[PDB]
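So this first bit is one chain, no partners, the form deposited without its partner chain, shown in C-alpha cells.
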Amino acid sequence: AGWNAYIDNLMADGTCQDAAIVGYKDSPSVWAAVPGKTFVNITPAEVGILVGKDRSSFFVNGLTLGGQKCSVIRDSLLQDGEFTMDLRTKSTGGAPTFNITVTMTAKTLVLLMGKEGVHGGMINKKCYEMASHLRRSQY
C-alpha cells in the first residue's frame, strides 16, 4: 500500500532501470517493483539465498534475481551500518550487463539496477540512502 511511491523516487533521475522493495521476514514477497522488468519476478527462494548463511559459494556460483543470473562483487549485506551487496548481471551473446546493489533494512531488501554504463558506486549510494530512509522509519 503506497509502496510504489518509493519506486517512483528511485526511478526519477533516469540512470536506473529497475528497482524493488522486498520484505524478507516471515514469508518474503515483493512489496513494490517496476512492472514488466526483472526484480518484480523475485522469488522467496531467491530471497533466502541473499539473506542466507552460506556467504561464500555465491562468489563462485553466482546467484539469480527474478531468474536473472548475477555475479557477486562484494558482500556486506549482514554487516551492521554497512548493509550492502554489490552485484553485476551475467549476460550472454553480446547483451549489456548492469550493476546492482542490494541493501538490507530491518524488514526489507532494497534492490536497484542501473542502466548500462552507470557506475556501481552511484547505484550503491542511491540504494543505501533509500534503505537508510526506510531504516529510520523502522522498516
The other form holds:
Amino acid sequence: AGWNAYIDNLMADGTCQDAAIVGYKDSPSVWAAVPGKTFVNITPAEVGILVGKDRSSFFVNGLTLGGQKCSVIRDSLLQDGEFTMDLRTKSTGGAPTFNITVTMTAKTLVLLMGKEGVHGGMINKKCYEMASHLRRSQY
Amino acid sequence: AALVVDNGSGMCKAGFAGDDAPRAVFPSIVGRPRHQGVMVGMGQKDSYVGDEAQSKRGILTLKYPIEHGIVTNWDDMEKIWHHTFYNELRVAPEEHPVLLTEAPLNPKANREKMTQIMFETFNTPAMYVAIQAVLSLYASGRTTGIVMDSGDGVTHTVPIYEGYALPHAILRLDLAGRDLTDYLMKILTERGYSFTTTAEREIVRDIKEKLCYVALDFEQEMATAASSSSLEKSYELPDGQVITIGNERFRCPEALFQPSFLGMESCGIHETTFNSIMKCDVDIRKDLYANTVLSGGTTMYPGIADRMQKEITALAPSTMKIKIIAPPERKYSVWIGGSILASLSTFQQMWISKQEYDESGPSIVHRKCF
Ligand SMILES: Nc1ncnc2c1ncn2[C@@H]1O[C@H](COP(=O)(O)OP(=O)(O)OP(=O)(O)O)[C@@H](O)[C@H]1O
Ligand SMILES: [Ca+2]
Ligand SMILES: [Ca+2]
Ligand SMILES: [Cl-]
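If the structure you just shared is the form deposited without its partner chain, then what does the corresponding form deposited with its partner chain bound look like?
Next comes the full complex, and the chain you just saw is listed first.
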C-alpha cells in the first residue's frame, strides 16, 4: 500500500532486518518503515545530523538511528553519483552488529539494515538501487 | 576455485585460495623489446613479463607498472595479469573467481579500471577488491584494530571496524624501506665505506634486512654503542671485504620514529599511528589501542614491537592498555588474509558477479567493495 510497497520489497529476500523511507526536507517524518524495529523511531534531530553541513563530528562522536548507536564507515551521502553513507551498529560485548546504508534522493533517505553476517557491499548496492528508482520518479 | 592476486609495487604474489602460501611470487615488471630488430637479438615478441623479463634485462626496456601501491600504467598491468593467469598459475581466468588487493585510498578511476579489465578482458566470472591492510588484519585473526603497513615506498595507518577500513582516518607516510636503505647507504659511506651505486644499494638493502634493529631507548643505545663494541657486527661483502657495522645497525630504522634524521618534517610511525586512532570513533579507540598490528617488510626489525608499545603508551591516555601484535609471518600477511577471505563460502555473497557487471558496469566497485 503506497510507500509500504517499497519496504515490503526491500525486505522480501530475507537478507535484511530493517528498512525505511524518510522524508528529509522541511518537517522530517518517517514515510514507511518496518513495524517494531529501529528506523521506525528515527528522530528529526538524527535526520538533521545525517544531512547537516557538519560532515565530520559524527566520525569521533558517532550517531544514533532511532537511539541505536552507530559508527560511520564511509560518508558520501551528499556527493553526486554516490549518494550513500555506510555505517555499522555498535553493541555491548560480543552481541552482534550490523551494516547499514542510507541513500539520499531528492526528498528522501532510504535506510536499510542487514541481518547478522550480511556484507556491507550488498546492503549498499540494494539500498542504492532502490533509491535510484525513487530518484528516477522525482522522489 | 578462487584465485588470490596480491599486487605489490615490486612483487606480484598469486595463488589459490585456501593454500597456505602463494603458489608464485615474481617481480612486477614488463619488458618491451629494446632497439633490437625483431628476430635476431632474441625477443621477437613486443611484450615480456616478470622473471623471463628479468633474465632478459638486456635487449629489453624494463618497466614497473605499480608505484607506491597505485597502478601507473594500465597497458603494462594488463600483461602482468595476463602473464599471472597463463604462464605463472597455468589457469584459464574465465574459469575462476578472483580476489584482487588494492592500496588504502586507491583512487576511484583506478578501482573502476581494475574492474573493467578483469571482466571485459579476462572474462572473470566474479571478482572482489580488498584493501591490502584489511587482509593483513584477518591473517592475524582479528576484525577490529589498526594496521600499520610499511613496505618499500609508503607506510599507511589503516584503522578497521569489523573488517571495514575507515577511510577518513587513514594516514599515509612517504617514508618506508627505501628511505631506510638510502639512509644506511649514506651513513655507511660517511663512516668509511663507499656504497653509492645501484649494485651497492642491493648489498646495503641486504645488510639492512640482515643486521638492523630498533632500539628500545635511542639515547641509551647510542651511549652503549659509544662505550663498547658489544653491539658491533661484521658483514661479508660480494667480493671478500669483511666490514664492521656499529651505530648504523639501529640508527637506520630509528628514522621511522624520528623522520628528521632524513630531513623530513613528518611525525614518525608511532605518532602517525596515534593520530589515526585519535581520528576514529571514541567508542572503538579502546579496541584499536589493544589491536595495533604491524605488516610489511619494514616491520620485520627486531625491537620494533616493544618500541611501538613504548611510544604509544606515552602518547595515549595514561590508563589505556596498548598491545602491538607482530605476526612472526607478517611479511606475507596480505596474501594470507586474502586466502582466508576468498576461501569462505561467504565470499560468493561479497563478490561482483559478471552479470552484475553487464548490468551496472565498472562503477559497481564503489558500491560493493569497501
Ligand atoms: N627483514 C626485513 N627487514 C627490513 N626491511 C625489509 C625486510 N624484508 C623486506 N624489507 C623491505 O621491504 C621492502 C620491499 O618489500 P615489500 O614487498 O613489502 O614492498 P613492495 O610490495 O615490493 O613495494 P611497495 O610496498 O612500495 O608497493 C624493501 O624496502 C625491503 O628491504
Ligand atoms: Ca612487492
Ligand atoms: Ca660506490
Ligand atoms: Cl541511488
